[PDB]
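First, one chain by itself in structure tokens, the form solved without the ligand.
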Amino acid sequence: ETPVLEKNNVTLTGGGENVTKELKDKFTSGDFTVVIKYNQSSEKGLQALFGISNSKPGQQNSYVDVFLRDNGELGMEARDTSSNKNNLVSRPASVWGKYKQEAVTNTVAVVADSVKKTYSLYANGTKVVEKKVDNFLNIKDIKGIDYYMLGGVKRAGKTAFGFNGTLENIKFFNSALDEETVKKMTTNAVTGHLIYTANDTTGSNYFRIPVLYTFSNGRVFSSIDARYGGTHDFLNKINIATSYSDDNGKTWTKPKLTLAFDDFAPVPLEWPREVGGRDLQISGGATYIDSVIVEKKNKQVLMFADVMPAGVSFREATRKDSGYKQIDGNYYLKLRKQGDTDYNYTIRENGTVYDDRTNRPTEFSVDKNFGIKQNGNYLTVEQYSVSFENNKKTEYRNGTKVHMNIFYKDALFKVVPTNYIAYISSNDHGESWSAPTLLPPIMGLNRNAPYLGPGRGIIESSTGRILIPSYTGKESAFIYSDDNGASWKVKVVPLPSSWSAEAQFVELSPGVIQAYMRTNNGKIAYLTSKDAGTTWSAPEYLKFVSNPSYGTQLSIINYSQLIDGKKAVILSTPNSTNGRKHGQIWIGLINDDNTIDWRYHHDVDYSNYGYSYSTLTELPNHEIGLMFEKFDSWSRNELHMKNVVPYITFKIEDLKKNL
């Protein structure tokens, strides 16, 4: 299959290029596929990569184009004036703008298929959207088409939507090419920046909440939320997936499911993006969400995650019950047997389930992965699948038998419907992991566990204290161990308001640490401890970040090499009052008095491009690795998008900009 027209290296500055002679009436069937490898010299304005139109007076709504906006949205229009049919199909955050101050080459494509009545758009190897439309128009359906142009749309004798950049290669086909062909044709260097991809070895179409960490041995490790029923926090099914690199981030392992329940199958789901439909959620599977990583002095690695029983949301969960009882001074996870009103049971030594009314063992036990046994044999429940049947969501028992689990909605014995924290440990730097341990009720018996601040933990250097950031909704909760992670305690710090205080730590000097965190007031706060986290100052705020009131998670790390003769920290955050956008990386130099000189910053892409949760690490060669949500993950317009969490790298010289 060969193009009706192929052109190369067309550099344009808003004026376009007429190719009417070279396309006129060549779209015989009316179907089309247009594949465009381009880079933009300026992202400003609405820009058309090509335009096929009726250019006559009064026919300004008779055209087809593919367009780009200054926020990375890719779309297409197909409009006919006299039928008054106006089709617009798009997806936000589909393309890249710039990277290290150079324009990024993207390859995008549109396919119009008359038999299916669908338009499909592709960017950098991903089919970003395919939509069936009742008012479908192919080229033959639009009346009096007479002008075909590169880099604009000719409307009433004037060039509209002028493209600024270079069309490195553009191919027009007069048929609808198949999906696999077009994915391949749009695959390029941008495609290789995705570690996790839709329907890879995780089975998930969607991801959020990346975390990077560099181990002592040189391995670069990642974890992430694999979110199956779109990108919703809740209700959903979420697993923690992981992937690692032993060549300084150049190549990564196929992702593994590292924390995952099996009450619901981990399957690729086409979550609707329409107004209304996009609010759909599943009934909820048992969930792990929001990971934190730290490597211990002895090289054992810990990973923490929040744990939610099936159907339980952060917002509706109980805040007044830890899910534990205290019996003879020991804390045991409690259970309610189906049909009881009270929690009459506890999981005690060797996972034996006791009846607390009689203080005797039952026939039941719970293994270290939370599965229930009766007389030494596993009880089972049937797994759920989710599907779409005529754009209708269905959940059903799918024929797979899995172990009954205390976190499942079908369990005979159930935990309190609240949030928990679990951790797992690895002795081989992430290749294999222990069974999970639920954190004891460190907030008290009558409070829920904290919520983790996604990213890393630290080991403070003078005491060896391990610190894990978390929050409650009104306090900071700094989880810590003074015995190399054998037992855990918490410092609870009341906050000026009800912040979603996702935090990360840095050490300024021995004993002196700061916790940087999200707030609800638009600013990034930092609290200071001069005794390795035992006591904390009142909040101070960064002067140079101004965000919306909901705020976003951040990443901050210590860096090992001197910059301008000073110890340095590296901060990643959005910085925009208009959304989760305008990602920046800031270098802060530690002054002799332990204040920070925020001396340099680098804008990650253009200012209106999306940038939400992020994670930094220092690579073994002292370059910087960044993985981030390259979209606005708060916006109701950018939910449920595929392949939007890339990994990129910077040398310090790439970052030392703007002063």
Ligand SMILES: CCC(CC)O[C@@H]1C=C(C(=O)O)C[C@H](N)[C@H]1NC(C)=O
Second form
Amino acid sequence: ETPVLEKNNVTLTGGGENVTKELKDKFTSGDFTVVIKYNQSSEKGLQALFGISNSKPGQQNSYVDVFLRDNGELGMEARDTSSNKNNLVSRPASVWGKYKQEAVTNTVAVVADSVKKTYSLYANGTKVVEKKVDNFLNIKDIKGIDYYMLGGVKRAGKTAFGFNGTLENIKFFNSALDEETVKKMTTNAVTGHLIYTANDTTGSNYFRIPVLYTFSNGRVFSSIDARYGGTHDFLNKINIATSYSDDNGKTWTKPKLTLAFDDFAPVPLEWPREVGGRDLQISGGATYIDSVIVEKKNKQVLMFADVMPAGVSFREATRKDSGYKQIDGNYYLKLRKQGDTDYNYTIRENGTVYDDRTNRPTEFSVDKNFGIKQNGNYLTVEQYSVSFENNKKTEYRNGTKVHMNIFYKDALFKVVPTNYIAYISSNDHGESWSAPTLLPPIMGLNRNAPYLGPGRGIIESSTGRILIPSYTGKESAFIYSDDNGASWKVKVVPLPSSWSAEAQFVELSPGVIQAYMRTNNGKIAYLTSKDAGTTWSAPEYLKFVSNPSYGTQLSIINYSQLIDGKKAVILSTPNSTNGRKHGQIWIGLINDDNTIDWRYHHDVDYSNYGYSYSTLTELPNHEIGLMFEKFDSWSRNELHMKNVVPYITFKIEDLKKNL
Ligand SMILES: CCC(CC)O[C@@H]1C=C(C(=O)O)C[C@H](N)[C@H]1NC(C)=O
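I have the form solved without the ligand already, so could you send the form solved in complex with the ligand?
Okay, now the whole complex, with that chain kicking things off.
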């Protein structure tokens, strides 16, 4: 299948290029595919990559274009003046602007299919949107089309939406090309920055909450939430997926599901993005969410995640019960049998389920992955799948029989419907993992677990203490071990307001650590301890970041090399009061007195481009790896988008900007 027109290397500065002679009447069916490899020399304003129009005055709403905005949104219009049919299809955060001071080359495409009555948009290997419209228009449906141009739309004799940049290659086809074809054609160097992709080996269309960590053997490791029913935190099905690199982040393993329940199938789901439909949720599968990684001094790796029973969000999680009982000085996870009102059972030694009323073993036991057995045989339940037919969400039993599990809605014995924290360990730097262990009720029997601050933990150098950041919604909760992870305690620090206090740690000098965290006041807070985390100061606030009240998670790490002769920390965060945008990487230099000179910053892409959760690591060659949400993960307008969590790399030289 060959283009009706191909052009190369067309450099424009808002003025466009007439190609009317080389396109006139060549769209026989009226359908089209246009594939554009381009880079922008300026991001400002609404810019059309091409425009097919009726250019006569009074016909200025008769055109087809593909456009870009300054926030990375890719869109198309198909309009006809006389019928007053005005189609607009787009998806936020579809393209990249700049990377390390240079214009990024993207490849985008539009497909208009008359048989399906859909418009499709592709960017850098991804089909970002396909939308069926009632009032469909192809080129033949638009009346008096007489003008075909590159880099703008001709409206009433004037060039509108002038493009600034270079069209490196543009191809016009006069039919609708298939999805696989256009995905290949738009595949480029940007595509390689996506470690997790829609319907890869995780089976998930959506991801959020990336984490990076570099292990002592040189391996660069990531984890992430695989979110199946859109990007909702709740209700949903979420797994923790992982992937790693042994060549300094150049190539990554195919993602694996590492923490995953199977009450619901890990399937690719087409979650609706329309107003209203986008609030749709699955009824809730048992879920792991918000992972935290740390390497122990003995080189063992721990990964933590929040664990939620099926149907339980942060909103309905009981605040007044840990899910544990104390019996003869032991903390046992407690269970309610279907039909009982009280929790009459505990999981004790070897997983044996005891009736606490008679204090004897029952026929039941629970394995180390929470699966239920009776007299040594597994009980099962039927797994759910979710589908769309074609309003129209349905959930159904799908034929698969899975082990019955205490975290499932269909279990005979159920845990308290609240949140827990689990961890798994690896002695082979992430190739294989243990069974999960739930943290003991560190907050007390009559309180639920805290929520993890996604990112890393640290090991404080002077004492060897392991520190894992978490929060309750009213307090910081710094989870810690003084015995190489054999036991766990917690320091609870009341906060001045109800912060979603996702935090990360840095060590400024031996014994001295800071917890940088999200607030509900627009600022990044940091609290300081000078006794290795045993006591904490009142909060102070960074002066140069100003965000919305909801806040965003941040990443901060210690860096191993001197910068300007000083020890350095590296911070990544959005910085904008208008949304989760204007991603910045800041370099802070530690002064002799343990204050920090925030001397450099690098804007990650243009300032109106999306930037939400982030994670930094120091690569073994001392470059910096960053994985981040390249969209606004708070905005209702940016929910449920595919392939928006890229990995990129910086030399320190790239970051030492702006002073
Ligand atoms: C709205 C705050 C609330 C914490 C209580 O949600 C957090 C916010 C998030 C967010 O603002 O994007 C994502 C976190 N994964 C989520 N944590 C949990 C446990 O659901």
